[PDB]
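Engineer: Here's the letter readout for the chains.
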Amino acid sequence: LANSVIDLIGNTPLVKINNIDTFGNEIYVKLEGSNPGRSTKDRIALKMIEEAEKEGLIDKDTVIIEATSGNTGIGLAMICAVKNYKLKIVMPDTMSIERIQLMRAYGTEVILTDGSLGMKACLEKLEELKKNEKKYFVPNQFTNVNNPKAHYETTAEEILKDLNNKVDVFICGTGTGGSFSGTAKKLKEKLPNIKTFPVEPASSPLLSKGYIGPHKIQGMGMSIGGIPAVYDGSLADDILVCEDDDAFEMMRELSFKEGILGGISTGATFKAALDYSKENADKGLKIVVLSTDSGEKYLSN
Amino acid sequence: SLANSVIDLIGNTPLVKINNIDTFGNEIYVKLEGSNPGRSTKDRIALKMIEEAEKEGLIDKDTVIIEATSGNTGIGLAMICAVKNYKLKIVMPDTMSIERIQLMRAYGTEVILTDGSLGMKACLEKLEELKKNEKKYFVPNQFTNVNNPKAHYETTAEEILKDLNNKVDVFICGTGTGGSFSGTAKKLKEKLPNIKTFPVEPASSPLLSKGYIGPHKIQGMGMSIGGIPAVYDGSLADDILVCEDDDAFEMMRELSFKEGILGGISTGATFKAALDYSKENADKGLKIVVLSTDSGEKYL
Ligand SMILES: *Cc1c(COP(=O)(O)O)cnc(C)c1O
Ligand SMILES: [Ca+2]
Ligand SMILES: [Ca+2]
Ligand SMILES: [Ca+2]
Ligand SMILES: [Ca+2]
Ligand SMILES: [Ca+2]
Ligand SMILES: [Ca+2]
Ligand SMILES: [Ca+2]
Ligand SMILES: [Ca+2]
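Residue numbers (the numbering used here), protein chains in the order written: chain A, 1 to 301; chain B, 1001 to 1300.
Treat the hints with caution; some may be incorrect.
[What the hints assert, rightly or not] Okay, derived cross-link-like pairs now, BS3-like style, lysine-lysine, Cα gap no bigger than 25 Å in a straight line: (1) A:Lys16 x A:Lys283; (2) B:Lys1287 x A:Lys83; (3) B:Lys1258 x A:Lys135; (4) A:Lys83 x B:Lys1186; (5) B:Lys1258 x A:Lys60; (6) A:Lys135 x A:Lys54; (7) B:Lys1136 x B:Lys1167; (8) A:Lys86 x B:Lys1258.
By construction, these hints were calculated from the structure, which means they are not laboratory data.
Generate the whole structure from the sequences, applying the supplied hints.
Structural biologist: So, in structure tokens, the structure goes:
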């Protein structure tokens, strides 16, 4: 028994890749789409809220307000439904409409900004919304230590446990950089020789080339006007990248060949990992790819 | 939770207690079959129908799998066939959610549509033409295949018994084929002779309770193949429950708003029926289990 869907967060499965040729290394995909909110962000939504509760920052009538590209908003929405908190989300209008529909299904109010202005415009709009709220809490996933800490505490421990501490490589897409940075930090503490790589959009190559651009890999990319505080670049053994169309193609390869329905970022991160495996062919490496969300919410794209 | 493929993730779904919605002094637990990798309970029957046919020698590498479905059985089959590299063709009514078509095609399925005003019977008729064009095929036929209710008899029911430590008073389940209801109820009644088990049908297509069919919006429920499916066992039903379309939608929204449970339309219908039942039997301390057949994302 679970007492609520909150008890279903985490403990997600790790699936081996069987049909796609992985070049003499083993690739495992951690399916964060299995979380009740259908993304890894359920983990950070839960920890950011639970820690704020313990700190006395959230009353029953505190309005939670967050800027998000979607999944953190969905995770927060689901948790706020269970907890009976009021949530307002600011999101760009360029993200999948299914994100809006999911948040609204849980009772969350959505405020939209012009997506050509990036997540920075969301953060600016949130400042305006604060002026009309008597009592609020902003989780601020871009700076809140409880974003990477959630992954340090749970995501990484699950990887270590499921693979019996045999992990050579970990690869993860980045937006805030929290899932990469928190997970890689714990993995590196327990497995000093592991290699950990973040992925970013080839069309918004902030970490690899120093500039941003428009791209279609929803959830990835850094558009707040700098590198998020929760990203820890010292953990990156290299920066990997993926083109928009390659990300979409790999998403369909995964569903056609493995029955794995992941999001666009999963396609991007997996493509990067498969390229890495090919470059490192026949080494018998155990490579773990984080699939951030499931692919259901991208049928409209 | 290391898995060799998504097939290993089928089953062992969670039972969640309802805590915010008023359940009238009984405990209601929802079995969340949306947690399956294909997002419905039909993953269980897709897996058993295919695995049993493999063992029988009815599926070779070049055998085309052909099935009529309202969606979820097709999605389950598609995900399993993707892993196993079998060619799948599905016939579905054009009145079901477009997300069903997109999901099945994502897994590589060829999806053929029939006019939904004609019901599932039209899908079954269309299967005849598809059979003529294939040298090797297997039709799982969820409406007649005992491996549909047997999957639930073997796994779903045992998970319910295990998770509640054999303390279950009432089981309530929506019907389309009748397989999930009939398989699960059969096992539960073999182990718990006092348990009450109820199927739910759409109030506006009350075939079992009133002997006629009609239009409804509770996708996945209802019987439109031209009679009662062979896998439905009406001797297990302690009564026939129903739900109206509007109430099913309202309850779907109540579940997501108040419990953070995003279930399909049939989950709203089945849950509303269980709530009504619980209200009529208020304050008896009954342990009521409701099967939530699928998750709600495909209805957006
Ligand atoms: C198939 C289905 C049903 C009916 O289940 P049976 O076990 O075939 O009676 C109910 N709800 C949904 C969402 C379904 O896909
Ligand atoms: Ca150490
Ligand atoms: Ca290093
Ligand atoms: Ca390209
Ligand atoms: Ca009462
Ligand atoms: Ca035999
Ligand atoms: Ca195929
Ligand atoms: Ca195909
Ligand atoms: Ca009504």
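Engineer: Indicate, hint by hint, whether the structure satisfies it.
Structural biologist: Each hint tested on the structure:
no.: 1; hint: A:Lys16 x A:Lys283; verdict: 17 Å, holds
no.: 2; hint: B:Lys1287 x A:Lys83; verdict: 24 Å, holds
no.: 3; hint: B:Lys1258 x A:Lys135; verdict: 22 Å, holds
no.: 4; hint: A:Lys83 x B:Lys1186; verdict: 37 Å, violated
no.: 5; hint: B:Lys1258 x A:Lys60; verdict: 15 Å, holds
no.: 6; hint: A:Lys135 x A:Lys54; verdict: 17 Å, holds
no.: 7; hint: B:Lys1136 x B:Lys1167; verdict: 47 Å, violated
no.: 8; hint: A:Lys86 x B:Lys1258; verdict: 12 Å, holds
Checked against the numbered hints above, the structure violates hints 4 and 7; every other hint is satisfied.
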